[PDB]
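Chain by chain, the residues run as shown.
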Amino acid sequence: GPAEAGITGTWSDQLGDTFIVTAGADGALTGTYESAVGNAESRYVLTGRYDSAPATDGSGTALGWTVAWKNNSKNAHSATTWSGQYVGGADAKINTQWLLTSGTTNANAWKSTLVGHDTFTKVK
Amino acid sequence: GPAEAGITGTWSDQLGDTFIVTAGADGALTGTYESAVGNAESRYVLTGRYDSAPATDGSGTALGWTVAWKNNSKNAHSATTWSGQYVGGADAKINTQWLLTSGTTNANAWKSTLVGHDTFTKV
Amino acid sequence: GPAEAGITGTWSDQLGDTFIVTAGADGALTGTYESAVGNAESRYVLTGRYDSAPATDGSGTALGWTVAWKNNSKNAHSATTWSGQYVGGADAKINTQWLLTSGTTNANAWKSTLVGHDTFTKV
Amino acid sequence: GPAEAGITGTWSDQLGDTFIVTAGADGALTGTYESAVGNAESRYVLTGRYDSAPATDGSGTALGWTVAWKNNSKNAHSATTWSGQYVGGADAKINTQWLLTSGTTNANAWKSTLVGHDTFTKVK
Ligand SMILES: O=C(O)CCCC[C@@H]1SC[C@@H]2NC(=O)N[C@@H]21
Ligand SMILES: O=C(O)CCCC[C@@H]1SC[C@@H]2NC(=O)N[C@@H]21
Ligand SMILES: O=C(O)CCCC[C@@H]1SC[C@@H]2NC(=O)N[C@@H]21
Ligand SMILES: O=C(O)CCCC[C@@H]1SC[C@@H]2NC(=O)N[C@@H]21
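Those protein sequence lines, which keep their order, are chains A, B, C and D.
The first sequence begins at 8 in our numbering and counts up one residue at a time.
The second sequence begins at 102 in our numbering and counts up one residue at a time.
The third sequence begins at 102 in our numbering and counts up one residue at a time.
The fourth sequence begins at 8 in our numbering and counts up one residue at a time.
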């Protein structure tokens, strides 16, 4: 439906974090992600899931994805998930909230996870 | 590293939410998840990532995964991500926080996302 | 410091959720909040805290507050906390993330807490 | 009702973070809080709100509170809110999720906020 093609493409946010994704008819999200901030260099594997038959009543399309911050260049020992919804239209948006967990000892687990939000806009 | 075999298997929480996962040598998590609560029936595909070369200093292994709540039986128009860490050993744990976003109209978007936390133990 | 007069006043977000606050010289926030959405009518008491001696290095001023959604008109059996920072200047902002917990039975507690975010600008 | 007296008293969690609170008939929570972890020393002022007429159907009592991490001994330039519900009974609990925001420059705001959860049990 329009959400598969709508989500597929390149996205970025206002900090210049950016990702390339394909949304499949099987509900899969597959791509790579590049953060402009934090302990990250170059691109990381992204995988996730989305609702391939969203409500047709004006609602967004729910989705989520994960990046573990390890690639051939760098390993931050952390992983981020983004949970949110795709809102289509000519200026499509992906609106998300995210959790960034770092590996820690049990004693430091209380400070293991950052939370934030981010809206991405489609490049093409 | 040990996290590969250690994450691979079947996990559950106190409510009987459960999942089967394989942690690949490449950092992929793939499996199936079943919720005991919510607008959910039977199993849903899970996919995520973990740090396949975690620190060796006693820290946990970071990971995350997603489930979109649509399968052959039901579609709740929602998706959950779990972000957390695997803590190994013979009674291994995966400690998570989670975000459950439901598709909403823009007017309702302020109430789209629930947050919670959950500890799974290996079956 | 400037945060005292700068936080004190009336604030609103894009939806018309609004609050009046006084930031005390002692670190207290006290005021009243009105939501344009949700199970809410008229004004509710707000109370919180802010760092009354923030860093001087250009950082924002940390703060937080709570509203329990019971007043003379309505009781939604819920409470929201906002955690964030005040960024001063002539177009000052309060940038927040928030947690809205509803009273639930233990069985439903996994769905008790919504999460979101909101930026307020000063009227 | 039972929730006012139920919440009033001293609470602690498994790390030995602890607080003393009074829940008022006016919906107020007033007290002080002592963290066993992080950039904190001795006690900090706590203020918050709770539902003074909770549902009588088995539901918990919603509540929340704030601590800014500045006292006469220490200033961490941060503040934490806890949002959750009081569950009464002979072994009463306060179950919460929390957000800890540090003051940051706008550039570092994406890493300003930690998230976690915590269950407190009543001391007396
Ligand atoms: O520092 C790390 O642990 C690895 C990089 C984390 C970057 C975070 S993930 C949430 C936010 N969104 C971005 O694209 N970058 C930051
Ligand atoms: O109700 C829905 O929208 C779909 C089911 C959601 C179930 C949630 S996901 C977070 C928590 N953990 C579980 O295993 N189940 C609930
Ligand atoms: O529906 C309820 O349980 C009470 C009203 C909640 C309104 C929420 S609080 C977070 C967000 N910000 C607002 O100003 N309103 C919504
Ligand atoms: O380091 C700081 O910025 C000040 C202390 C923060 C302590 C946090 S607040 C959430 C968690 N619960 C606790 O009682 N202590 C930690």
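Keep in mind that the hints were calculated from the coordinates and are not lab data.
Hints may be right or wrong, so weigh each one.
Derived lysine-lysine pairs resembling DSSO-like cross-links, with alpha carbons at most 27 Å apart [stated by the list, open to error]:
(1) 175/C <-> 118/A
(2) 131/D <-> 100/D
(3) 81/A <-> 118/A
(4) 223/B <-> 129/A
(5) 118/A <-> 81/D
(6) 194/B <-> 194/C
(7) 100/D <-> 118/D
(8) 212/C <-> 175/C
(9) 194/C <-> 131/D
(10) 100/A <-> 175/C
(11) 81/A <-> 118/D
Some, not all, of what chain C presents toward chain A, calculated at C-beta under 8 Å [what the hints assert, rightly or not]:
(12) 198
(13) 216
(14) 218
Ideal placement from N, C-alpha and C gives every residue a C-beta, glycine not left out.
Hint check:
1. The straight-line distance between the Cα atoms of residue 175/C and residue 118/A is roughly 37 Å, outside the 27 Å bound, and the hint therefore fails.
2. Straight-line distance between C-alpha atoms of residue 131/D and residue 100/D comes to about 12 Å, which keeps the hinted pair within the 27 Å bound.
3. A distance of roughly 22 Å separates the Cα atoms of residue 81/A and residue 118/A; the hinted pair therefore holds under the 27 Å criterion.
4. Only pairs whose Cα atoms come within 27 Å are accepted, and residue 223/B paired with residue 129/A is rejected, the gap being roughly 40 Å.
5. Simply put, residue 118/A and residue 81/D have alpha-carbon atoms about 19 Å apart, close enough for the 27 Å limit, and the pair holds.
6. About 41 Å separates the Cα atoms of residue 194/B and residue 194/C, which puts this hinted pair outside 27 Å; it is violated.
7. For a cut-off of 27 Å, the pair hint linking residue 100/D to residue 118/D is broken: about 31 Å separates their Cα positions.
8. For the proposed pair residue 212/C and residue 175/C, the alpha carbon gap of about 22 Å is at most 27 Å, so the pair holds.
9. Between residue 194/C and residue 131/D the alpha-carbon distance is near 41 Å, which puts this suggested pair outside the 27 Å criterion.
10. The suggested pairing of residue 100/A with residue 175/C is violated, with an alpha-carbon distance near 35 Å, which exceeds 27 Å.
11. Our distance criterion of 27 Å between C-alpha atoms is met by residue 81/A and residue 118/D, whose separation comes to about 19 Å.
12. Checking residue 198/C against chain A by beta carbon gives a least distance of about 6 Å; that is within 8 Å, so the hint holds.
13. A distance limit of 8 Å between C-beta atoms decides the matter here; for residue 216/C the minimum to chain A is near 6 Å, and the interface restraint holds.
14. Given the 8 Å rule on beta carbons, the hint for residue 218/C holds: about 5 Å separates it from the nearest Cβ of chain A.
Checked against the numbered hints listed earlier, the structure breaks hints 1, 4, 6, 7, 9, 10; every other hint is satisfied.
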